[PDB]
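Could you put together the complete structure from these sequences and hints?
Listed below are the residues making up each chain.
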Amino acid sequence: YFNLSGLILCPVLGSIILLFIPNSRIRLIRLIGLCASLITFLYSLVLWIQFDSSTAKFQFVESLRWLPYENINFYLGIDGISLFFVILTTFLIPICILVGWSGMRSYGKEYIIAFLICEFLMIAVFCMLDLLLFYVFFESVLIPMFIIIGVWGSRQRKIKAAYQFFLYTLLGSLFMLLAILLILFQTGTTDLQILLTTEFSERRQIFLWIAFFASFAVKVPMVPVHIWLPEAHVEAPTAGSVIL
Amino acid sequence: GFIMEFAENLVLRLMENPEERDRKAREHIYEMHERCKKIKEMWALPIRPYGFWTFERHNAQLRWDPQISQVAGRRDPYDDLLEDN
Numbered sequence: 009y010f011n012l013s014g015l016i017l018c019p020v021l022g023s024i025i026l027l028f029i030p031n032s033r034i035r036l037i038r039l040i041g042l043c044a045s046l047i048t049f050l051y052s053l054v055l056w057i058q059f060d061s062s063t064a065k066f067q068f069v070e071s072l073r074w075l076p077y078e079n080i081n082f083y084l085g086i087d088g089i090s091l092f093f094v095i096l097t098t099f100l101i102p103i104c105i106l107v108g109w110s111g112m113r114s115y116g117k118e119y120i121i122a123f124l125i126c127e128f129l130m131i132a133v134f135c136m137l138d139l140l141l142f143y144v145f146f147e148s149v150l151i152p153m154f155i156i157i158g159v160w161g162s163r164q165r166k167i168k169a170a171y172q173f174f175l176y177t178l179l180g181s182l183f184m185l186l187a188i189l190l191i192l193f194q195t196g197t198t199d200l201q202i203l204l205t206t207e208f209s210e211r212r213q214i215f216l217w218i219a220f221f222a223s224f225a226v227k228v229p230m231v232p233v234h235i236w237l238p239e240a241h242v243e244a245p246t247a248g249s250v251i252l
Numbered sequence: 002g003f004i005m006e007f008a009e010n011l012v013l014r015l016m017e018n019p020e021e022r023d024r025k026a027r028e029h030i031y032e033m034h035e036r037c038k039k040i041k042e043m044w045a046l047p048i049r050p051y052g053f054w055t056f057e058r059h060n061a062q063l064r065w066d067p068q069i070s071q072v073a074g075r076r077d078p079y080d081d082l083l084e085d086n
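Chains as they are written, first to last, in the deposited numbering: chain M, 9 to 252; chain i, 2 to 86.
For the record, the hints were derived by calculation from the structure and aren't laboratory data. All the given hints hold, so there is nothing to weed out.
One-sided excerpt, in silico: chain M residues whose CB lies under 10 Å from chain i:
id	residue
1	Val54
2	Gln58
3	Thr63
Covered, in the sense of this in silico footprint (three residues per stretch, anywhere, with C-beta under 8 Å from a C-beta of chain i), are these stretches of chain M:
id	stretch
4	76-90
5	192-201
Ideal Cβ positions, reconstructed from N, Cα and C, are used throughout, including at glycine.
Dropping the structure here:
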């Protein structure tokens, strides 16, 4: 019985174990990182087989209370849409470890730690059903990718790429957060199933939808803000350029 | 036997009860909406309760002064005059 939580925990265990060992034994670090990524990939494939495509309700749900009132909590869960994204994000990470396999002695253990943290965080984003906490993990990828781009990037313009990438995900992100708070105060919970079955005011949906689109028009390269992707993507490492 | 005759029922054991899933989904929706209404009611409480001073902890003087109104420095002038008899 393989649940959704073990998939999330596997990169966490791989990262915690990797910090215990020192940096002198570089072969152990790369071997353990690749092994953790590959077992996470296999676990993701196993989750595919035991996926009911007939029902419309969500698959494995793990609820961990967050607020004392159980008002909002980690509500994990996959469906037809979120499953393939989980499989893809589990599949891409071992490739990321493998591309820079020769230069691992130059990068160090921070590189694999950052990539496994990214895998954990990206898995947590796709397979969760809490609107607010999904926002938390949605821009939680700022720190690890900022580190990846900045520490191992271009020659001298690496600083500017990090700043443009970090700046484009602030104003729209928090303008989305305002809508998140209005939704939370209006309805009462951020559970996705509850929020789907709610009568929103006709004039209210326009503002909330605009706020949501403002923070998604930056991640999806829309017309106003898409110049970050070329510059911040050329000024990025090859393994950081394959998940971006 | 052969591989598929075992992999079949292996996958069938791996998969879960959908009736349990549907029941849990409708349940979770029911209690989540009830708790949502409860929290909406709770957020409506004013910062200052209607009673406030009526509360026994917010008086602290109606049951302290009566046992002090006999000490020197707090007596009505017409208390020591007729207390002799």
